[PDB]
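Take a look at this one chain, the form deposited without the ligand, written out in structure tokens.
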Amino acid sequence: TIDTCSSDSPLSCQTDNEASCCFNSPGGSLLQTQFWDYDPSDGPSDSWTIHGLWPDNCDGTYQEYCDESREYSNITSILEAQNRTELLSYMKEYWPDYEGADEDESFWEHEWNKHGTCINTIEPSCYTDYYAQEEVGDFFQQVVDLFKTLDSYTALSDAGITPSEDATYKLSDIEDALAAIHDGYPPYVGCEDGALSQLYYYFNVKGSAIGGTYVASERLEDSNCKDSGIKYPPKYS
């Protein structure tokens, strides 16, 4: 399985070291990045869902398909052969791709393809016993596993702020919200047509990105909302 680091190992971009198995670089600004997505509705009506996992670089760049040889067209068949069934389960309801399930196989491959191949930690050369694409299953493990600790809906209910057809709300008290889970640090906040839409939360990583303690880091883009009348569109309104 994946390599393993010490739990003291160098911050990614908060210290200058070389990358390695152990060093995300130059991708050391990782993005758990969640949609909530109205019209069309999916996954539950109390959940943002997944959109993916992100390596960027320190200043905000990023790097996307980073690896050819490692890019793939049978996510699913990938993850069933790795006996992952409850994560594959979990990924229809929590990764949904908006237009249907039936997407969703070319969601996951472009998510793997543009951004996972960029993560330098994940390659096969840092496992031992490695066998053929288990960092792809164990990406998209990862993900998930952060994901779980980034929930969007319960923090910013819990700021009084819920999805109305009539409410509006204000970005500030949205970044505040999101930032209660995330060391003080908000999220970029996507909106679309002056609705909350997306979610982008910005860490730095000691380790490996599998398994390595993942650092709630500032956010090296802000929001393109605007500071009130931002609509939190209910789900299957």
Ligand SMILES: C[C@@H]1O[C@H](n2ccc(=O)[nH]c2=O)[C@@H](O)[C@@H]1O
The other form holds:
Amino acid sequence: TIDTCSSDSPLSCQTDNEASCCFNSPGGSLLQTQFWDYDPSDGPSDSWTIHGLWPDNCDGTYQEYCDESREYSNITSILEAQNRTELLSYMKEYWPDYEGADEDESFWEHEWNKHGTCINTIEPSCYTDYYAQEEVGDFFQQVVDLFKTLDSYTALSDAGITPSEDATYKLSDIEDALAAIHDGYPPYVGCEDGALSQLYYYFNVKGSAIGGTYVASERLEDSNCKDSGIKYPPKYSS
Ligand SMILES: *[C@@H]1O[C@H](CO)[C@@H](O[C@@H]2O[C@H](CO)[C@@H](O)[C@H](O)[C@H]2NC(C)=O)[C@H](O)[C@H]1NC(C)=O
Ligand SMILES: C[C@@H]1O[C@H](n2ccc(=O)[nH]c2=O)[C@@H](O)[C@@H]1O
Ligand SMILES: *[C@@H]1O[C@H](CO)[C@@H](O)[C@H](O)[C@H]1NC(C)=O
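Next up, the form deposited with the ligand bound, please; the one we just looked at was the form deposited without the ligand.
In what comes next, the whole complex appears, and the chain from above leads the way.
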């Protein structure tokens, strides 16, 4: 399986070290990104959903589509072949394409191909007893594992911020509520049409992106929302 690195491995971006299987570089800022899909709605009425996991450069720029030889058009089959049946079921629920279940495959392809291929510590050469596309399944598992720790809906709810047809919200309140589950670092908060829409939680990593220690880090982009009047539209509203 993937190589293990010491739990006291040096932190990506925050240290000056050479890229290896145990050091994420140049993609040392890892973004766990989420959606609030209300029109059309997907996922549970009381949960955000997964967008992805993205390696950014430490300056906020990023690479994309970093290895054509490891781009796939069969994610669902790769997961099935690896017996990751609970993961695939979970992805259907919590990593949906808003347009419908039949577009999930294209979306998962997109995320792996664009961004997974750019995580340097995921490459087959970082495995013992590597098997074909092992790192693809591990990536989907890792995104899910990190997402589970970042329950945006509940963090917002606990701070009195819940979806509403009438209520509107202040950016700083949203930011503080979410900063509370991310070591006091707020995510990027993204709005669409004045509605709460996207979240990017930034991390630096000790060790490998698979199984390493994800340390909550400062956002390299703040928000495109207005300071107030923010709508949090209810899912499945009618
Ligand atoms: C998913 O698609 C990939 C890419 O085509 C498949 O991997 C290739 O499999 C072919 C046919 O067995 C081999 O000849 C190639 O060498 C493989 N390419 C690589 C880069 O590994 C893969 O087998 C497919 N997986 C599933 C479960 O269908
Ligand atoms: C990131 C971009 O947003 C679109 N997008 C957004 C949400 C979603 O649930 N599915 C989806 O496909 C994609 O077409 C693309 O991956
Ligand atoms: C999945 O299970 C099949 C059948 O038992 C087996 O051939 C294969 O090695 C398994 N793959 C993984 C990665 O568990």
